[PDB]
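The chain that follows stands alone, in the form deposited in one PDB entry, written as structure tokens.
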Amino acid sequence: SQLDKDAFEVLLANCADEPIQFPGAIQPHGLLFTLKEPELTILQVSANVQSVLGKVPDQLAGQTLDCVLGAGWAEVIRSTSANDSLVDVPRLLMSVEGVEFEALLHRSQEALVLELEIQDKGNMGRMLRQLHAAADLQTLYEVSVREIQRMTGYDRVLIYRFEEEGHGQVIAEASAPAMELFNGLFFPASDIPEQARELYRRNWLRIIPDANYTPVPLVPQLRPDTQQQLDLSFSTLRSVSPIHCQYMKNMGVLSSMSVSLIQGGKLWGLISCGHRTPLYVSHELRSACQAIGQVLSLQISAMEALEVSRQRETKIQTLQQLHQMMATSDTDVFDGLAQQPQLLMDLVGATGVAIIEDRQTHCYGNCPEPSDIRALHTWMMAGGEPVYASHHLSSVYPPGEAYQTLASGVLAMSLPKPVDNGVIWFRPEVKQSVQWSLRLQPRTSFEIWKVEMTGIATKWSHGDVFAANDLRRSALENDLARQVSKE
């Protein structure tokens, strides 16, 4: 397939803007019918109508819904399709021509999308009990992944967390014995395109029962009512892009089932379940996984909130100690800050605390050569404000590349005293605290992350900047009186 490889390589270059929401084909484990809400006439049909029902698709475009689905169920789907929210709808199991079909309903731009999924072949209280029993966030991730693996029966279960600029991190992983391990792996934001992220934000479950699937087209590809393509954003039977199918092939997973974790409308992460054999997931399993996803999304938000509030709680305690730390014979407040560096390091969070004063420089922790530090302090005038924050110093100050491991994100405060002053913080690179062991591959994904996240340190959160601007006022209140009170 030399021609196909060239055609595929075209998709690889143009993958950040492919029309995922408008594939024009569905996965072949069911049927899709687009209908009209008032009369329920078959507006669009799938190519499997002859495969599972044995009806020629040419005579379906427009004609009666009774023709293929039977008049018996037509009234049922009319009644369940009456003017309603359709948000909460009970299960609707059917059987036409001896084929078991589960009917799911939604609406897309004044159309009734009917998804006839094919059918082949108590513990909840326990799962929520264990989820509540978790103490810390890492324990919560571990127990959640273990429980999802146990109940689903999926070979691999992974929790991706989207940290910064869309980059991902595999936090918790449980896998079947003797199979590839992914933990501490960081993948770039380019791996998941933005359209896929929007769909994951608008859908709880994404099921790909078989990567070796041939897409079946929707005939006709154009809806006569609007003369466009179907928006399959909310359809469970939506074709997967060949790029992700190749990615799953290279991984070794043939069936996937992703559960989205949404906090405050933002995609916190994903729960990805992979199988080495094509696995078909029943409705009960889907509902249980959705329930665990929502419960964990609620719980994760709570655990960080307690931890975020805890950091604020131990912040003001840290400043209070520091606000009185210079109570004894301080030549400068900074020289009083030189007694115990770890209080400064723990105030804002950084491996390097350096305060330059008295024609010399005082640094504790991960710091560069002192001569170049004043050159970084020579850049203080460029800020124009005591506060300074950066998650990437190389991009904003070009000669700050010699020290990327020691100083990638620098927090600073400088009192307006013109002679010699300023406080400097040093946070190391993210690349120096990450450990893990073809184009579309997890190993290749890690290398792109190490080049995309170059010289980038973890962003100083609003609390750290608040704890930074706080000492700006505290040092200004005290330092001037210290010299004045001597006189």
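Residue numbers count along the first chain shown, from 1. Here, rigid core means the biggest group of C-alpha atoms that superpose within 1.5 Å across both forms. Compared with the form deposited in another entry:
Core-based superposition between these two forms shows that, of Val145, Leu337, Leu237, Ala111, only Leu337 has its Cα displaced by 2 Å or more. Here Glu9 does not count as shifted, since its C-alpha moves by less than 2 Å between these two forms after the core is aligned. With a cut-off of 2 Å and the rigid core superposed, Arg427 has a Cα displacement that reaches or exceeds the cut-off between these two forms. With a cut-off of 2 Å and the rigid core superposed, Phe187 has a Cα displacement that falls short of the cut-off between these two forms.
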Contents of the next structure:
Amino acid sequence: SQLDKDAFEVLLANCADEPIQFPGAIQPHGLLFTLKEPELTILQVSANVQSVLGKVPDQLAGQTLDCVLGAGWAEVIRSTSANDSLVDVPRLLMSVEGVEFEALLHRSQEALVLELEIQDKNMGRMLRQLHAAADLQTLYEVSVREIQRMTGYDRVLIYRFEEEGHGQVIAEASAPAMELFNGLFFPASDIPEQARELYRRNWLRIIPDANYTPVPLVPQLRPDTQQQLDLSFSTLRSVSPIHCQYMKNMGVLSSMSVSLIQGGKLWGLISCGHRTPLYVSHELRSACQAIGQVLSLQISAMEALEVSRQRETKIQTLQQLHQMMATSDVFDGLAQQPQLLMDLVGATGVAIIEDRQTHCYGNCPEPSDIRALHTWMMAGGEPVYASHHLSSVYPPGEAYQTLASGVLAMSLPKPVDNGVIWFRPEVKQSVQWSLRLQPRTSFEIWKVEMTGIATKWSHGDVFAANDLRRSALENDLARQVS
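Now that the form deposited in one PDB entry has been shown, please provide the structure of the form deposited in another entry.
For this one, just the chain is written down, with no partner chains and no other molecules.
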């Protein structure tokens, strides 16, 4: 299939900005209808419907639901929709030719979009177990454990989305015969922003098969709209061939994703993976969604504990810090307890510039390196830095990324010989793991993507730094007087 292969290549030419909200195709495990709500007249119908219902989608276009779905059920659908907002609709189940379809209704472009998903013919204790978790890591462990336990899926993962966008596999429950994924990082380019919008606006994305031929959805433009059909809010969609082949080369044939949402933001993704195709029942579909609606609230509540404790120990930090500031230069005294400065931000590497021998601690490059690094701090004038990239401001400084890649540095406003640099290395060294569209390849792409880019600094973490400079800006006048 040479003619198919090169035609697939042109798809890979552009993927960051590709129309995926309006593919014009749906997965073959259901039916799709686009109607005018008051009369329930068909505007769009997929080509899958030929294999289950009347002849051709074009003839059904422009007609009423009373023909395709028969009588009685049409009036039932009209009664259920009525004038309701279509929020928290009860469970519906239809049977047009002995096949049971779950009917999910929503409204797009003032049109009734109805998805007939084909369906083939404990919880409190687990919530208590989630509540019993004392830290975030144990929470992740128990959540993935029970999800893999009851979902029945061979592989269950969870990614957390950093502010930079490169997802991190923070936990897993992999069964034997799949590779481990703890600490794996994949670039944000692996998920287009349109797919991110689709994930955030929904709560559950299911792809039961990654080896399928998308079915046409004709007419591609609505007769009364002359524009593409919004399929964002439909479970029955078309999977892009690029991520389809990604799944094929990832070993995953059936996948799920529970979009963990915190305050309108996509905190992460409870993902799955299964070589044998599996069709998920709605009862378990809601339970997994109920996990995300609870766990994301539980996670945000638990980091709300963590962000309080970390901020709390930051508050105490300057309390014991300032006692040694008052004991005896101001930036000279902080070097006698280097581990106390580490916990203020989580630097994993610190150094204090003083006189000539810049007394570094933890891990740190040679003095010939840090000396030619802090010069790009005080010329700008900013007392603090949020430097994921080491060499964004200092181009030829790529020789420090072995140890020094994230520079949130402070100093006294003294123009000469001051500073206490908190080096966070590249995330590449922190996590050790292990053709085209491979998890191995995206790891390699991430290595170039992460090259020189370090771990993100929290706003409070920079604030907690600013207090240390402010605390050092308190007793200096007392030090000057004394």
